[PDB]
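Form deposited in one PDB entry, single chain, as structure tokens, below.
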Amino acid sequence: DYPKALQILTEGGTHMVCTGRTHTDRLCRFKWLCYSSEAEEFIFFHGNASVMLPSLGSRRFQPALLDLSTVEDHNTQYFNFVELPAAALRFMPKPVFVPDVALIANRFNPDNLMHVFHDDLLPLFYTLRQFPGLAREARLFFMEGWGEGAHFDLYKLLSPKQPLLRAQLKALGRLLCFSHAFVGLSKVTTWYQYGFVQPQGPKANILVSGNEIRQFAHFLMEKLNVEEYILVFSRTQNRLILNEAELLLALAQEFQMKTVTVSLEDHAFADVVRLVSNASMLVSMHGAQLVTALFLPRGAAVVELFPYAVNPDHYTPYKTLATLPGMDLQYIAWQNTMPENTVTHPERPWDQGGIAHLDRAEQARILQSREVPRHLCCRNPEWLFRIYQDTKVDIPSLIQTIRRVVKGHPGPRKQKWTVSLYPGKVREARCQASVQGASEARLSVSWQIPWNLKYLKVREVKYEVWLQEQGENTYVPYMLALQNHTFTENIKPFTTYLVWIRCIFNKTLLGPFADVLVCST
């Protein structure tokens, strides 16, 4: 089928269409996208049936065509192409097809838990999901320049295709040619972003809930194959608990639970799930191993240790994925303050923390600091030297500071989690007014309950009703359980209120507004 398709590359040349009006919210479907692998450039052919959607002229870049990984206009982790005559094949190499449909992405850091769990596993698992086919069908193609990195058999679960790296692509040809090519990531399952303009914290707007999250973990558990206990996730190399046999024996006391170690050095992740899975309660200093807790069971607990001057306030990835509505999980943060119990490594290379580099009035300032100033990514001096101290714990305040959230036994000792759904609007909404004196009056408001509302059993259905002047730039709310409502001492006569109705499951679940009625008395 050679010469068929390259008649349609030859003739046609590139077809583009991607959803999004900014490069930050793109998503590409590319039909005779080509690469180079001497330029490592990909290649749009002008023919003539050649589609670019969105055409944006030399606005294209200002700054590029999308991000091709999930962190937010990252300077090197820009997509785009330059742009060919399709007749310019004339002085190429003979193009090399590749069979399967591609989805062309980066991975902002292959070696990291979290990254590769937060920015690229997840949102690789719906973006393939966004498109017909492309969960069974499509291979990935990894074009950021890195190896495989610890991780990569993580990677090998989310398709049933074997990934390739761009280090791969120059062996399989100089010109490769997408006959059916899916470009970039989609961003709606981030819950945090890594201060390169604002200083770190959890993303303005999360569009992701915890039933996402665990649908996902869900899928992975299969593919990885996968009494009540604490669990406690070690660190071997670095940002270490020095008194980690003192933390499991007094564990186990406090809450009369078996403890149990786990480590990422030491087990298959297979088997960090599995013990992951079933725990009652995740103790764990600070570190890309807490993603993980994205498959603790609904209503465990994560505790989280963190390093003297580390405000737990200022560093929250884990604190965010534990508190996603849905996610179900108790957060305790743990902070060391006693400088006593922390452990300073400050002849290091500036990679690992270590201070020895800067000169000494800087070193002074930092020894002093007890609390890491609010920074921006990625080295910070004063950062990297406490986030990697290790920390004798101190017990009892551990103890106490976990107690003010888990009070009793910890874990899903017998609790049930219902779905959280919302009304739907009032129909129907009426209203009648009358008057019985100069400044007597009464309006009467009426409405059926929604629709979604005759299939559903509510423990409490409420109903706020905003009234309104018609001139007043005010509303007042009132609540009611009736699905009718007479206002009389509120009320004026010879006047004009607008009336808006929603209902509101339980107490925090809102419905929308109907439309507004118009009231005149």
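Rigid core (definition): largest C-alpha set, two forms, superposition within 1.5 Å. Numbering follows the first chain given and starts at 1. First, how it differs from the form deposited in another entry.
- The only C-alpha among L66, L453, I43, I491 that moves by 2 Å or more between these two forms, given a superposition on the rigid core, is that of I491.
- Put the two forms on the same core and the Cα of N473 is off by 2 Å or more between these two forms.
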Contents of the next structure:
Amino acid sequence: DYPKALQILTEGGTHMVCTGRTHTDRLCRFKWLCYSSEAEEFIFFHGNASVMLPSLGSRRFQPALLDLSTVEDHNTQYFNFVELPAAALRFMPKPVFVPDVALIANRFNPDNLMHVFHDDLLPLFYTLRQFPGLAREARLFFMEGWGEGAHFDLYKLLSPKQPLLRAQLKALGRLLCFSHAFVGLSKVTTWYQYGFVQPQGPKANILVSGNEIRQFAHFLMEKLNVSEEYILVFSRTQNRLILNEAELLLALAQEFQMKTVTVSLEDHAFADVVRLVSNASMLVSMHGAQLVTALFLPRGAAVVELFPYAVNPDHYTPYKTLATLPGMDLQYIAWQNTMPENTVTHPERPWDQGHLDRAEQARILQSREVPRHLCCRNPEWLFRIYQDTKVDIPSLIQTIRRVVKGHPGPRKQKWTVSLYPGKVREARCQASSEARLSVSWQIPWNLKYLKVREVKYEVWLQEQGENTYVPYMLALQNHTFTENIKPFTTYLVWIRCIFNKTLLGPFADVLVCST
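Switch from the form deposited in one PDB entry, shown above, to the form deposited in another entry and output its structure.
The text that comes after this line covers the one chain and nothing more.
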């Protein structure tokens, strides 16, 4: 009831417990966090039960408490609160209590399909599943200040309660208080960075595999009521066009002996867009936000990304990174136009679509490759990325055939999940004239329940006090060392199991043996 809630807030104050040692990996659980609609400030009220973990002092502004979007350390996307004593409530309107558990986050660019999926939908999906009760009970609050945007229907699929925008919060009252709110989004599913400090490219240490992408996709597909072989071309209509569209479709169909289909975001419902992609054997598209739909492709399908003139495929790789993620199981083929006759530059369009010096403009069409650059308003890159392009069809078919030999798609292919060995067990060693050392071990426990094509053991022989070792790769579960071995010397023997050459398991407890 209201008087109980107001009393708890007023006597007890805000309570905050967050994970993570820095603001870039921080998720926070709040009780009785409030919000001034006129100031657009979250408020931490200090009362007799207040808790602040982390308690950062002035370091709470270096730069902030946490990232509210998943774009790392972006200086317009910080979350923080201002502080007051709980008793300062006497100077304020009576609070309006939000009864739903909330999850509070910023959408980075809700008008771009790639940003929607990569920055928001995937992180929302798994952040909700980080905490019990959220996935089924949470209401999303989008605080970045944008409107619904072109893909609000997708954000709604992620929760049974309708999401609220910052504008709809102000309407509820002057002072809002969340009885229970989570703030922030995990970055664990991201794979790309947009080039704010160094040129855009794949994230340095990617922590998501295609399995978790596909589990998310399966969820979305069922929410869209989505459960004869063809090649799918993803058309753009307003800009960044493919000009020889009809000739492309017929050339693809004749060479690969398959139906071809054209798809677009503007003219189909997204549910039908996903339907088409979800059973496509090849997805051909210009570089652009629509290619994020490749995460819906079946395993073994092929992604063909076409880049306009002067745009190096190796510099702009959000969809290459996605397609080639471990466990995504998609073939990736990039094609770049090398022929200036087929490029169609638009210097006349506004700066929005790429007004400067004729001296600088002269260099812009004198360049063969767009230089590496930083986000976000580089006209050199925006001029070249927004050209229209005529596809050289023999050159494209050839570079596709370098990867796809025969017929594309999941034709008679079976993928296994790659599991790693456990530790070897009961490792033993026995020393010895001539100094000798012998070692033996039992198979990892999980190998007792597996059929593995190739099992090897990598053994490191280390002399005590030395910061190095001699490595051995063995098929047997035992060995005798003869080469290096000296008398009256303590050796350390490290052992790990390896499945099929690349699945390195952990080392067991080290063996200490002295001659």
